[PDB]
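Only one chain is included here, represented as structure tokens and corresponding to the form solved without its partner chain.
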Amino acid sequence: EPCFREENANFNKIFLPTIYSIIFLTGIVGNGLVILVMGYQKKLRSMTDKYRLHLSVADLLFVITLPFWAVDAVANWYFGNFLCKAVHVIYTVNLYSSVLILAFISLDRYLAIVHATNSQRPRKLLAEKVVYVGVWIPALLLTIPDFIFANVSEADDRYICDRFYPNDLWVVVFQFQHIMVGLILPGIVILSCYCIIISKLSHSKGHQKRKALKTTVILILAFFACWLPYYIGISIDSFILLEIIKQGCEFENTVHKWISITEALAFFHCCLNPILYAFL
């Protein structure tokens, strides 16, 4: 039996737009400046800069989308139907593309350090062609469900832009797929690559070969640190869905609020990328 009394808190209606607007401004300015400096001009000296440019493009699209999130968080979504689908589409594109870009950065680091003897053609070919196919096509393929399912439906004057499925089985399947492709699958690749790099990092002593990984590792740990609590919340909610953590109706509201605040902090990570790009 579904519960009731689900509504947004008064403090949240003012706290969330502040976060969204700060992320709006910071992300737009930083990503635009990074794109202008890197792509338009000639500043790509290393191979990580191209992946960082892809990251900047995805983050710029998402932060452009954000003001609709900020407006919706206050009162409601009652300004169209196609805009809900569009917002969900860029959301999913950025969400599934940033992690794959990070995994490609880790793979490039592994190929550059472990097989430094003769590997420049593999790195170049992988970089160009595989980043295009591997990092983008799957993002669109996972946005495919967004076109079909995203919609806005009112329920006694309650207009919500929310993905709707005929049954809860679709809900749990898609949440588990989100977890698997967002955290577990690329996390294993990143961990394996960096562990092998660390094991092989026992030649001569500290040098540029040892200090070249600092920026990449800081970026990766920051990206995953701002995302972990949201993943924990959604995993707990999905477990509640399959009659495993049945504990009453007062747990679902708490986990939902956890999910919302942690989504806001993930968008904070989306802004945190160019900030890391500033310090150098």
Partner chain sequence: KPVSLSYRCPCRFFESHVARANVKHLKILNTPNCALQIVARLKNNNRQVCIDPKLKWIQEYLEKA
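Shifts are known only where both forms have a C-alpha. Numbering follows the first chain given and starts at 1. Basically, rigid core = biggest C-alpha set you can superpose within 1.5 Å across the two forms. Compared with the form deposited with its partner chain bound:
Put simply, after the core is superposed between the two forms, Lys209 is the one residue in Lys200, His115, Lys209, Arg123 with a Cα shift of at least 2 angstroms.
In sequence order, the one region between the two forms where at least three consecutive C-alphas each move 2 angstroms or more after rigid core superposition is 202-210.
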The other form holds:
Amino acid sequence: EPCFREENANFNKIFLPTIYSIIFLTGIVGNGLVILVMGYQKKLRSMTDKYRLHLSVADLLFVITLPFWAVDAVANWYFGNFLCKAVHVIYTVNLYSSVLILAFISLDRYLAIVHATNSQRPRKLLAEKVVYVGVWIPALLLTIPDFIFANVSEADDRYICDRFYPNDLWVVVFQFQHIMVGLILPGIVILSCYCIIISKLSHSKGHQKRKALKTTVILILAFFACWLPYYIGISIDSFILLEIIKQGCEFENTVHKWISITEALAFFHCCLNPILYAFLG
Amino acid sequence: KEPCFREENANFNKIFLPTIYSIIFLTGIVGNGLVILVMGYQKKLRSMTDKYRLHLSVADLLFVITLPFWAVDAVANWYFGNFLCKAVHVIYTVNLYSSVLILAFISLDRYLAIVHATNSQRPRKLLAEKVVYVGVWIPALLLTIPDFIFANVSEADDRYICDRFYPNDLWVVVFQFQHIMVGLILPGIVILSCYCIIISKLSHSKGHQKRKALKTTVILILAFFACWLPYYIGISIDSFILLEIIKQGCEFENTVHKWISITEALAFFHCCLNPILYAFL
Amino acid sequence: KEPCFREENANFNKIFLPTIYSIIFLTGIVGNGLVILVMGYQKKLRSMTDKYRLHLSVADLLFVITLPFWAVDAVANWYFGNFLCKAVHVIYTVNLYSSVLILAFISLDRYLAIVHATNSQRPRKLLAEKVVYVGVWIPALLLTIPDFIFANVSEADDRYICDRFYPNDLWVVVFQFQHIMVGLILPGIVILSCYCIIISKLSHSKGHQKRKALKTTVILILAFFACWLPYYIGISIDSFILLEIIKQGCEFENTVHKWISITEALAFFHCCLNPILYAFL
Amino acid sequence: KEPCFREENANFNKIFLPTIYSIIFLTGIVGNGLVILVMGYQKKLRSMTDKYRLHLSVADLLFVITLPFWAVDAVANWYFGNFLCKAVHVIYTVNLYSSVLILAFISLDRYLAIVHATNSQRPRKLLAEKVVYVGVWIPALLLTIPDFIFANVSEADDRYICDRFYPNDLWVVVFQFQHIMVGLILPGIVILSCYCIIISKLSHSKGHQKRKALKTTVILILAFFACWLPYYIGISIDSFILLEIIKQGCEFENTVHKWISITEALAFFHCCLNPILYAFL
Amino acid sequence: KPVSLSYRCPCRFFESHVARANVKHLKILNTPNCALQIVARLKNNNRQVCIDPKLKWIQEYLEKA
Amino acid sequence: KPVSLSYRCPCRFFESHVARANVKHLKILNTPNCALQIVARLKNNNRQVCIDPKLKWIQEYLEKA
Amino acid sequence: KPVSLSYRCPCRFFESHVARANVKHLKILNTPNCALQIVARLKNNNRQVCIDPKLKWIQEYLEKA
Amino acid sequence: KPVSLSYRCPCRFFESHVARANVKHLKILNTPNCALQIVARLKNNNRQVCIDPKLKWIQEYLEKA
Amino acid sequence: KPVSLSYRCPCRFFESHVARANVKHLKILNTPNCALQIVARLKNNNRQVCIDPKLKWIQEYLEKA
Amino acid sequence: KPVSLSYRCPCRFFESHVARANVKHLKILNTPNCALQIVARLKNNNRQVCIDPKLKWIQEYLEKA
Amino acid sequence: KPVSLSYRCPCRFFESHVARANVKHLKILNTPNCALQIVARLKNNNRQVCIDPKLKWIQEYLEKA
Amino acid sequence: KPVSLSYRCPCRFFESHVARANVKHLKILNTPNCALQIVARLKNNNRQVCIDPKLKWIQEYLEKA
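Form solved without its partner chain done, so how does the form deposited with its partner chain bound look?
Full complex below, order starting with the chain above.
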């Protein structure tokens, strides 16, 4: 059957640059302020702020290349092949690095709350040495298909910055790997550590001296609430690609529009760390 | 007279239903697991309302266990046979009746605590340990007999839909009217009458602090009924579409069906607001 | 020059109007019953504003008594004859004029209390006890004579609609302009003049605490006028569509009618907010 | 290769534009009359910032005098000749440039107050009394000469529309680019530079209370730029529609024009939020 | 209800320039509490347009009965 | 010429049974020097059928002006 | 699910006035959990309209087999 | 007259190969004093093809009433 | 109002390659404060495409006054 | 051959009464060795009517370039 | 972008059972970095249907070059 | 029969001027025992025109599979 993938997305070409420009402005302002305050003046106090500085570094790296996507939303990619590869690599590095920073924040809170008597040296050892090899090295190692497959090419109307796979099984296995690494395993880890944290804090109702859990809980919940509908949309699209859901091509076009809109709305995690720093929430 | 022609390929429902279902499933499983872990296993409950809220969280956990079956039924079609179809239907029906009967019990417990604050303490213990089970769980289980005997899966054109199939439309009208009655009218009248008595008796006090615990209860009851009101209005209008009252519309019936599906998805947020009210105060 | 192009279905209005009507009916009946029970029967009123708020709640109760008649007229057609049609219309018009005249009385009472805080205590009592009835209720009853005569039931295509029928369009133009004038212009000018005088005189005070009671009054008046503004804009544009001023649109008239119906449904939320402002402070 | 595909059936814009225009007109006239009455005539200004805000309110007042005229032009067409068209256009352009130059002056005043808190008290007075007029009002008046010559009334299909009419499209590209530059780029860079310096210098303070007055200023500036950002993004895309860059969309141009009208209606809320920030703190 | 929307006219810009030969079907709309609307379907354009109640051709067509 | 090539009535369907409730806007054709050709549209069947100029309902609808 | 929304039949509003000559194709819908729904496509209007299960023409058409 | 101009069967496509899964609402034509002309619409090809009155699936569909 | 969106003209992509035989009707748009837009309806594709004001065929068609 | 089968003009309707306000985009046909066939569309009637090449409004519209 | 949906082909379920006589226009779409599209317009239903690239009829049609 | 009225090819447009950028999905007709009737639709003019089976662009498009 002929799908004939044509969107006529006249609203997306005027709505996506607006969202991208708003996120670029507030992300570059907030991440520049956070890096200037903590990464230069050494104004960090708690152990969470080192992880939030790493998160702001990855956030600034992504919002540097966000105007390229803002141009590519309405016009097409006339920048180059190397810029296409660099933009895709920076996107994937930020996407995995923010998730692994949040997992490390949850693990640090589990070590601080439960192991409150002996885990002082392990938390410092984590946040000074192990965070790099546990976050940035997997994030850079997961960008090898971004280094290989990402290429700009014609689609018989204009240029497109994307990646090209030899088979569709590669596309669906990379989508399933993206779902499994981005959402499932770190979400399970964060939920397990916070369930243990709540179960141990229920035994310590006599003292309420700590309330640094609210900031990390709000940040993690807002991050996953931002990233949930895009993950649902690409899960439904991956099940479409695996001959499970066969409901015409108008449903596939609706899934494409939903994935684009929710992917642009899922960049609100750029304005999540410094807005929470401004509100002290 | 065109009878129905019920084929409109509503594509946005099949992409919006699993998003709402998965969001409600995640927050319901996390919040109800936390509430059952804290106040059901560790014995953290202090007031008498927390036992009924633990019962509500048990029913909420039971429904959000089977919510991903509804997500799979939304975007794909049913593949789990008839026993899982009956189990999912009976769990949803017993949860829907049990939550509103639990809320009626909380409201009448507040009526007993506020008005008869001197000689009614042992009736409250008899209300909260012994007669609560035959108050909520026994009638909710006895209301599931047509759910046990009529829910099945059809031999359709490779869809195999999960639903209850009635011999005629009179049974559909009778059971829809009974559902509207037991779900909204009698517990709503009981809650409104006891709260009117509470407000009338509370004006004689000199601004006492005993109404500080009333705010969470009235917020929970108001949020539950504001979640369930538009779905009840939609199915009341659909019940009046049957038995030849609003029969002049054909596409209006399809709009009513879409409104019922959307408001039924939005009315599952009553699982969201029970542990959220424990996260706040 | 096409004659009518009357829209025949209005599918979403018939499913959206009874939902809004039922929500406003339930909240208005509960809140106004509580307010009349607490401050009208039990003598809980302390300040001078609460008598006017009790009058406003009496008018609110009178309108939300007949709101389910409007819901039945929205989704079904009218079956209650001509006497109920006249009673529902006269109650709606009495409430609509009485609420804004009551709010003008509250604003002028606040002007008398703030500016003349020394010698105006018995004129405020004469305002709130005796002359208030001939201030609001007698003009609201005298403004219903065309509503008493001209509101009837017609013979449509088996509809029996409930509406006010005029001999010609000059009468409906004149009465729409009079409704706009008495509903918005003169009481709005009176309220704005008294509040400008209050704000100008309040700057001479040294930050006193007498303006703490002004916040609820200005919030109630601002909420009322923000509720009623888009309906007045819509019927002003419809009145200027009449008298052949805007004549280039024919589907624009149908859009104006749909906007008037939707904003009229949303402008009945002035019954909602009066006891809501008593639930908060 | 279709030339224009001229489209005039925007039914919702003629019913949504006067509603937003009337709401902003009423709130702006009430708030700016109150602010000019309190802090301009009665001498209630205390801090150095409020004088600039008074200037802003004067500019805001100048806009909301001419706001109902556009409301007539939203739903009817222009009947007031060419002199009123020129006056309305020059008033809107003066207000649009004057508000952002006033905010640049407020941000640079905050930079002078925070960083040079010891030796800069008489330069702040010279900033706020003498050089402020040649700072904001003289460049805003000098930026209105092409508004003075080119704004007129044309001979349409019995419409008499009010707009500026250029000799060719090169002039409208140059003036749109200059409008984008002076309205967003240079004052935005100035405000961001002063606030980055303020945030960098404020880290050396030991948690002083001098940043309590910074919150209202950053909230006002952020609300102004968040109001004006989607309109600026839309006119940037509309200017790039010219010069044959994204020419391939024809109905996309009409969607861009509808977006321009909607976001220009929504971006007049910057007159609303100056006295609203005085109602709160 | 001070406003009325369910009951407006079909009466809209009663034209005095209508051709009797081009008038193929002059449908008179039967409505209550309204003016006598007479929408005639044209022959050249095949579109219904209003006709005034004081038109000579409409009066001659009504007087044929 | 007793063959009558021209001067042809749409006067054929002189149906006495006319339902006023199901009648849409009936069209009185402007036939020059002929009988009153009243083609009534029926809302039940969405078709135009001619009616004789002697029905009580049609006369009451014509006189209600 | 105390409400039911998914299996709702296209078997509503049974008409009892159908011409046998105008009935060209009386398509009987094969659906579960409802009675014999049979919509016939008319010949005069070319639009599908339902027929009652107790109609004499439908019974004579079904009895031809 | 052994030529039979009028009164013609659509009694031609007596195809035994009928798929009940791909069968849409089959139409039994109301032809008096003729065979049961059962033209079944096919959901796979969106076309109407006649079926003989001897198939097991067609008899099971007709008897399910 | 520094932007302008209400008086927009059909002055986009003035092509100079148009066949005189394929041009059936070259409608010159009458607009105020706009360029001399002339959209010609083609004969091969039956779609309107604009023509430049300096074209020899358009000048010969205009001078054919 | 004074019978002139081919090469016919559209220069029949030489109507002097032309309304410039109701004139839509007039088409100047590219007819070689012929008169200026200016078929002006009328915005009031949505039809194209020929205009003679001697009107003041048509000459003013042609000269406004 | 770990997800990659901006370039997808009309490449889904190339059916082998395709009639050679019903194939009117076997449109071979040129898609870079994708499979060779063999979508053919049918003749019975006039709808485009994808064909297999290993089909004998498509190979025999393409072997004429 | 030396007229060859039957069995006629569509191979009438052997134009070497083929633009690969403006070429849409070219249709290879399933003509039995004939030449490759490659009708290459043009995206610039929205028309289907046949091409000769000897162009470099057509051979490159056929070989890219």
